[PDB]
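Protein chains: 2
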Amino acid sequence: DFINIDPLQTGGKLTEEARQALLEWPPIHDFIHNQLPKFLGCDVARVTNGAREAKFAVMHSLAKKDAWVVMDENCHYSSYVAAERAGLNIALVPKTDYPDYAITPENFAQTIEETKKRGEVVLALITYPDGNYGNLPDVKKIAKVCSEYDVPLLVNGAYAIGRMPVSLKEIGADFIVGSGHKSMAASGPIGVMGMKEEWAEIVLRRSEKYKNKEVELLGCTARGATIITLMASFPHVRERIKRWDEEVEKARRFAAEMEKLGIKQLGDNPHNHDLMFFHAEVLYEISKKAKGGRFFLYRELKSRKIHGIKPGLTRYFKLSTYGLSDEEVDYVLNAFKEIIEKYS
Amino acid sequence: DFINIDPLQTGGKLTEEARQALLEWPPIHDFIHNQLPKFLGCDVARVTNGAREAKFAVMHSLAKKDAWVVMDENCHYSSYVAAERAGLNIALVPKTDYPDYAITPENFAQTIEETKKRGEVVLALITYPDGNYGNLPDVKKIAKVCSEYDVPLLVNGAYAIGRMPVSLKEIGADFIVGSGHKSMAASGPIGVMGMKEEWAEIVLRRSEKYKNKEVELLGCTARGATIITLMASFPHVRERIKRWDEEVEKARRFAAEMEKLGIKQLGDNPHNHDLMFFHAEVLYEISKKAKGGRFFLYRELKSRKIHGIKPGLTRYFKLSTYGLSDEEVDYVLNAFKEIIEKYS
Ligand SMILES: *Cc1c(COP(=O)(O)O)cnc(C)c1O
Ligand SMILES: *Cc1c(COP(=O)(O)O)cnc(C)c1O
Numbered sequence: 008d009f010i011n012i013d014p015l016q017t018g019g020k021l022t023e024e025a026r027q028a029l030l031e032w053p054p055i056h057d058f059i060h061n062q063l064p065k066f067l068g069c070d071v072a073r074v075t076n077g078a079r080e081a082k083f084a085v086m087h088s089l090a091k092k093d094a095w096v097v098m099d100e101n102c103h104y105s106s107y108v109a110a111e112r113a114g115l116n117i118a119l120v121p122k123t124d125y126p127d128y129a130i131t132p133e134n135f136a137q138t139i140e141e142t143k144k145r146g147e148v149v150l151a152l153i154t155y156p157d158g159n160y161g162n163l164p165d166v167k168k169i170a171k172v173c174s175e176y177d178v179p180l181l182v183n184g185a186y187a188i189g190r191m192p193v194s195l196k197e198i199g200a201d202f203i204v205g206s207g208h209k210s211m212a213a214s215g216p217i218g219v220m221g222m223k224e225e226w227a228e229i230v231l232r233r234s235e236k237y238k239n240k241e242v243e244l245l246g247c248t249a250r251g252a253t254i255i256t257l258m259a260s261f262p263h264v265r266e267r268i269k270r271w272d273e274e275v276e277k278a279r280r281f282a283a284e285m286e287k288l289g290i291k292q293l294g295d296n297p298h299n300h301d302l303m304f305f306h307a308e309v310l311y312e313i314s315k316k317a318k319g320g321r322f323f324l325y326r327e328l329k330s331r332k333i334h335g336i337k338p339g340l341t342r343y344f345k346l347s348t349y350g351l352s353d354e355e356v357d358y359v360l361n362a363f364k365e366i367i368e369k370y371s
Numbered sequence: 008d009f010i011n012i013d014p015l016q017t018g019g020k021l022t023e024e025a026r027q028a029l030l031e032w053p054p055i056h057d058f059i060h061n062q063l064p065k066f067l068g069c070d071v072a073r074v075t076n077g078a079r080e081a082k083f084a085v086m087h088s089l090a091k092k093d094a095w096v097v098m099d100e101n102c103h104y105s106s107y108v109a110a111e112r113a114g115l116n117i118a119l120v121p122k123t124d125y126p127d128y129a130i131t132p133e134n135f136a137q138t139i140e141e142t143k144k145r146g147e148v149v150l151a152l153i154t155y156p157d158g159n160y161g162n163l164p165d166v167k168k169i170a171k172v173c174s175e176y177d178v179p180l181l182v183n184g185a186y187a188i189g190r191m192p193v194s195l196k197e198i199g200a201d202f203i204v205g206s207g208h209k210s211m212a213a214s215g216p217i218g219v220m221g222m223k224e225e226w227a228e229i230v231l232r233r234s235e236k237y238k239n240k241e242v243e244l245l246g247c248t249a250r251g252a253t254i255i256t257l258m259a260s261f262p263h264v265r266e267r268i269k270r271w272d273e274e275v276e277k278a279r280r281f282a283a284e285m286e287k288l289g290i291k292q293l294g295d296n297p298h299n300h301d302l303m304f305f306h307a308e309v310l311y312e313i314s315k316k317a318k319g320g321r322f323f324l325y326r327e328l329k330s331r332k333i334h335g336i337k338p339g340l341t342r343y344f345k346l347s348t349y350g351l352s353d354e355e356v357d358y359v360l361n362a363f364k365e366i367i368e369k370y371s
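Line order of the protein sequences matches chains A and B. Positions 8 to 32, 53 to 371 (UniProt numbering) are the ones given, in order, by the first sequence. Positions 8 to 32, 53 to 371 (UniProt numbering) are the ones given, in order, by the second sequence.
One thing to keep in mind: the hints can contain errors.
Any copy will do: because identical chains look the same in the list, a pair fits if it lies in one copy or spans two.
What the hints assert, rightly or not - Computed cross-link-like contacts, EDC-like style, restricted to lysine to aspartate or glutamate with a CA-CA straight-line distance of at most 20 Å:
1. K168 <-> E228
2. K329 <-> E368
3. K240 <-> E368
4. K65 <-> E354
5. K167 <-> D13
6. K143 <-> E100
7. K364 <-> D165
Please keep in mind that the hints were generated in silico from the structure rather than gathered at the bench.
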C-alpha cells in the first residue's frame, strides 16, 4: 500500500461497486439517454473509448480542407494530435506569463481573430482545467467570445467532469468532453461526450447503410468492463462532486504548507483545483549533491510509502491531493519537511 | 453457471491469469515490439481500442478524395462504417449464393477491376472469417489477386487471431487486424493490428510537435485493465491456437448432428471454423404454434442453462462451439433434439 498523488490517477480510483462489479463480469440506454445528459447538463451524451476519441470525433466531424482550430496553449498533447489527425491547422492562444500561466478571454479572442485571417476556423477548444497547472480558465466568458464569433467551442473537461460540478448549458459551449479513467473512477479507456441537440445531426450522423449505427463512433456500443465500471461508480461520482469545495480547500491548505517549506505553487492563486504545479528550487539544488541526484526525490518518497511524481523531477513537478484524507495530506507535507531538512 | 454458445463471446472468456490480474490492478514494450509481431507474423504491430479502430486507422491513412475501397459482402458492419467514416466509396465483392455464401478470389478480382474503372482503389479488405457464416475465404489467393492489381490488402481477422494460426507474412497481405475481446480472452474494447514495415511510416506516422506520439492512435499508449488482460491471457492464447483442429473437428461434429435434426448449417462444408450459421425451418414453424412465439427457443434454451442465441430468433441463427467440452457439446445437441420432440 502506497499514498498515491499522481494527478492522472487520484480521480480514477475504482469504486467498491465498480471493483466488485468488474468481477461478476444493464440499463445502459437509461444511463446514456437520461442520467448522463443530465449529469453533464446537455442534450445528448455518448460514451467513447476515451476523451481524446470524443475530441477527435468532433474535430473530424467539423473539419474542412485547410480549416483551423484554435485551442489554448495549455492544452493536452492529445488535443493537438487529435487536431493533426483531423487534418486541421492549429492556432494556440498564448498564456499569461509566470506564474499565472493563464488563458484570458482576451488573448483567446485575439488569437481567434488573428487566425480568422489565415483561413476558416471551424472549432475552438479550452482545456478546463489544464493538465499542466490545474488552472481553471474563465469558460463562461470564453464560451461568449466564441458564441459571438460563431465558432463552435469544445470544452475539454477531462479534469473536471466527475470532480467538480459542470453544465454545458451553464457554460454556454457546444461540446463538453470528460475522461472516465482520470475523473470518474472507471477503468480501461472510456470517455464521455456531451453536445447541444443541434449537433447530434453532424457529430452523430448515421450510416447510409446501417441507419441505426453512428459513423463517428464506428457503431460501437462500446460494452465491456469499461462501461460497466463507469456505471457502477457513477452514483458515487455524482455524490462525490458535492465535496468539490472541500477538495479545493484541502489543496489550498497543502500549497500553503509547501509555500512555507520553500516549494511554490504556480498558476491560479488561490488555486481552484486539486492538481498543482510546483517550483521547488530547494529540492533541485539538493539533487546536485544528493545520493541519486535527480532520482533522490523519488527514492526518498518511494521509501516513505509515497508514489506519484515523475522520478527524476525536482526543480518542477505536478501532483494531486484529490482523494487524500487529512492525515495523508499531512504525511506528505511532512515527508517534504523531513527530506529537505535531512539533506543539509 | 450457464453454457455459453454466443459467437461474440466463446473466444473472449477471460483467462484465469486475466481474472486474477484484473484483481491486483509491465513489459508492454516487449509485448508490442517483440511478442505480438511474432504472433501475427508481421513487421510492426500495435495495440488499438478495438479491431474497428485499427481498421479505421488504416482506411484514414490511405484515403484520398473520392477514392475507393473494395471489401467482401460478408464484411462486418464496423468494416463498412469505418470506411464511411474515412469518407471512402465502397464497392462490395459479392458472395456466392445459398448454401455457400462464399467470397472467391475470382469475384474479388472482378470487383477490383470494375472498381478501378470508377476511380482510385486505395485499399481492399477480406474478413477472415466473416462473422455471419464463419466462412474462411482463400486469403492466400485473394492476397495474390490484390498484389497483381497493386492494391493494399487489409485482412480483418477479428475471428481468427487467437483462435487459429495466422501469419501476415504467410497470407501475403499488407495489414491484419484482430479483436482482443472476441478472440483473445481479454476484456474491455481492445484490438490488435499488424502490418508490413513499409506501411508503418504511413499509418504509424508521428505527430509534428510530439515526435514521440503516433497520430492515428492519438498518441495513446493504451494502458488499463484492457491491455492488462490481453497480456495476462496471452500465454494461454498463444498455446490455445495449437488446438484449432480439435475445435473444427468438434464444430463439424456438431453441425452433422444438427442436420440429423433438421437444422442445417450453411456456408463452407465441411466447415472450417467454430462459428456456424444455421437454417432451422423446423424451429421457425414450431414458433407459429409454440408457447412463447418467437421467444419460445430463448425460453427452452435459457431454461436448460444455455445462453448465446439472440432471443426471438428461430429460423436462422449463428452460434459457436468454440471452447466447449465434448460433454457440453452433446448437452446442447440433446437440448435441441428435446425441444423439437417436445413440440411435435
Ligand atoms: C488524459 C487527458 C486527456 C485524454 O484522456 P483519455 O480518456 O485517456 O483520452 C485529455 N485532456 C487532458 C487534459 C488529459 O489529461
Ligand atoms: C466484432 C467484429 C469486429 C470489430 O470488433 P472490435 O474489437 O469491437 O472493434 C470486426 N470484424 C468482425 C467480423 C467482428 O465480428
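Against the structure shown, which of the earlier numbered hints fail to hold, in ascending order? 1, 3, 4, 5, 7
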